[PDB]
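Below you will find one chain, with nothing else, as structure tokens; this is the form deposited in one PDB entry, and questions on how it binds or moves follow later.
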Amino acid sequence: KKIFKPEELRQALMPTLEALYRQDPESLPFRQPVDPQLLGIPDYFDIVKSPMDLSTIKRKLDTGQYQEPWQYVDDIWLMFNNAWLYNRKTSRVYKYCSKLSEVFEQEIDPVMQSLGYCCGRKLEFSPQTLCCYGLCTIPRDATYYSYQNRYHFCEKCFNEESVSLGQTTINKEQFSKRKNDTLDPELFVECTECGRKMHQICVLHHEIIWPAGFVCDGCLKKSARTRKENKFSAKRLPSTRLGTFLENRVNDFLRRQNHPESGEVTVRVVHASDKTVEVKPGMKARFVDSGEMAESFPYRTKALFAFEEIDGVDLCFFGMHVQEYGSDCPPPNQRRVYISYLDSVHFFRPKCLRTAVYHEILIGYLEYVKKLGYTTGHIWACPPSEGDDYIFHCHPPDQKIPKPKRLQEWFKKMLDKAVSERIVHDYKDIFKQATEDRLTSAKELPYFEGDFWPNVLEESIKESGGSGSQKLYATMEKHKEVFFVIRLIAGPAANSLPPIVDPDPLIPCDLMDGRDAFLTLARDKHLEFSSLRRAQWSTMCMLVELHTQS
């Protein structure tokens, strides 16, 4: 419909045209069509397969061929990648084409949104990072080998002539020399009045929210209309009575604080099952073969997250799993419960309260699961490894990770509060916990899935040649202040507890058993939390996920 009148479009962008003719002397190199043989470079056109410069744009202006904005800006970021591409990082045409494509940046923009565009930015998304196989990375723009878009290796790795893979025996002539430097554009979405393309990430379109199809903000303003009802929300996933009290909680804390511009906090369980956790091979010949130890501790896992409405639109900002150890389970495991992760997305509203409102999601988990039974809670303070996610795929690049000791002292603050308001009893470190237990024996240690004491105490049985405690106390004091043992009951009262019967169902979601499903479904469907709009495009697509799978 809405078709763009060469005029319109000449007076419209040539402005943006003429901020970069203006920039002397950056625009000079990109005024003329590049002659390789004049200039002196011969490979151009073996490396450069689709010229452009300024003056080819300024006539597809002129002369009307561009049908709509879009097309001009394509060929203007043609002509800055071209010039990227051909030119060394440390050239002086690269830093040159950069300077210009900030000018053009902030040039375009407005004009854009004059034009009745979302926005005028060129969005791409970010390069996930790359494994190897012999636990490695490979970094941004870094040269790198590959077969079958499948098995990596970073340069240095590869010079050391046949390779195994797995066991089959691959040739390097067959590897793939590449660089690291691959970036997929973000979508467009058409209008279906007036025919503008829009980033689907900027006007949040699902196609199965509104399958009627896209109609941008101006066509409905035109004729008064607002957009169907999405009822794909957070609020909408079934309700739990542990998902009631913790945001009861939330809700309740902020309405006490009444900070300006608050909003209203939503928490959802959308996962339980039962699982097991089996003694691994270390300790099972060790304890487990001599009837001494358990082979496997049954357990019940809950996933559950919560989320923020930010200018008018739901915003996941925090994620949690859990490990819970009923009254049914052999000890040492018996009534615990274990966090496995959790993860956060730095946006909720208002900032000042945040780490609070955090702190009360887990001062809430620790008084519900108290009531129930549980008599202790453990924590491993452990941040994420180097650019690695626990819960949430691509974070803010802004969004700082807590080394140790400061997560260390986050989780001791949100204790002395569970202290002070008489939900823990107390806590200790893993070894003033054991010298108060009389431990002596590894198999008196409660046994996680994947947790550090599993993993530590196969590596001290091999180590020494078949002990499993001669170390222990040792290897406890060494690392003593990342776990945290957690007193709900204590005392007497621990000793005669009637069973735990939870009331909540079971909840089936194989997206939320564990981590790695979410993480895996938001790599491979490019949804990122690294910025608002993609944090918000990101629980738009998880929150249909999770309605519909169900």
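Residue numbers count along the first chain shown, from 1. Basically, rigid core = biggest C-alpha set you can superpose within 1.5 Å across the two forms. First, how it differs from the form deposited in another entry.
Compared between the two forms on the core, the listed residues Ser262, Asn230, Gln200, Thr301 keep their C-alpha shifts below 2 Å, save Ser262.
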The other form holds:
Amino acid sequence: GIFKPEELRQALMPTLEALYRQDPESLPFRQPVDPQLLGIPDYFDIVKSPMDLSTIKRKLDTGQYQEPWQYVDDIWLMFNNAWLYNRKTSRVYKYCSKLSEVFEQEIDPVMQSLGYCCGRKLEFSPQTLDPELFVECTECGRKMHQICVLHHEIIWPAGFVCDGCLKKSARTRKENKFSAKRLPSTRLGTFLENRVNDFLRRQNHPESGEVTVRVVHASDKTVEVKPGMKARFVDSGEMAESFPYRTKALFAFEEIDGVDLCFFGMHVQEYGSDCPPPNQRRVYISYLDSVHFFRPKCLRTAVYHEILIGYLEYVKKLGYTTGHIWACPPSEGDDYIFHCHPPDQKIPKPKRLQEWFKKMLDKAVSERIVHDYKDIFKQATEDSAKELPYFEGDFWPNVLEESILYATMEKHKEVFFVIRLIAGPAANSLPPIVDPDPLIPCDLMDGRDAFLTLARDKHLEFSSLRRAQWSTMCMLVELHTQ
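One more: the block was the form deposited in one PDB entry; return the form deposited in another entry.
A single chain, with no partners or molecules, comes next.
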């Protein structure tokens, strides 16, 4: 026992009385359902654990609840039975939804007054609902959402100690060494975060946190020319068989309410100077993703721009001549790089996404980082299908197979950006591209599949700030302990 029964009763009874006072919405919930009198003889075939307000009151009054989650559980048992048994359009269903809304408001400040994280009954997103897990304070015995208190067994193996118990004993929580800042740095990561933090300091907005950019994957790969064009151009001995590239994964994190938040992810393909044409000295953005919790809101878009402009600046200086972006929005539900985006984070329509890349590239011109950029139509004109750069997982390889030319580039022109970084003479007499960062092997971050799979297995959602904080903590433990 943590509480005197009278203490628990005096704290919770007012939240019960809040529900009882709601009339008519409490009328179906005041007494045990009597299926005979109500003419619903199938009630007990569907509802196996009936619960009502008079029962909960008698449990409070007789000291039956040992800790308040038991009370919250009986409340949500009572709501769930009504939502299970009654139609969505029914009066009782709608009354039950009203009481759940009044309960949500009342329980929170009460559960926080008794030293709990919150009073919420929490389930994961559909991907039947998996319940959120609880951890137990080793000092006081209170149970709390694992996600509310960000308790990870690998970071803190001796167990969870709540803020209230730590303050009581004049201790602070042992530092999280599995942080984004303590991930191994790269010249690329440093260059990007230095550009982002220089920009944020110049803005001098009080809400902004430090930003971290970490390259977390770097491996050498090859894209093989698919059979239906190997037959035409490769087998003859005209086009090269396979194009070697470096695949890199990077993430940007922000300090929000004292902890790491992963808010941006990018995969790139880097076809260097020892790469046969038409891929020679090109970079390709495989995929971009974000989680909209960057603070402040008013700088979110600029920060994304600073990372992307930063990346183009950096590869230019190494000797890449051209950047390529397939400006195509995702369509994998609430997933892409990040599992389970916030439900109010809208995927942009093709037009808005094109206007967003356009805006980013106009700033890059103003800075003399991008010399010029155009749609693949106007750059194919200004330059056979053998001469198009051939990138792993891109639209263009797949569409030339559907055929086996100029027809297709016109109808889908605005979705393909070609970005001249080094144009004209300067491009001709360049040193070899040498990447000064080591290879970073990491199977979890090798393409976007493996991390989506882990996030599905382990309910690493990005659907709210609190869940995105827990998922950021969990991904960083994985990245440090590989």
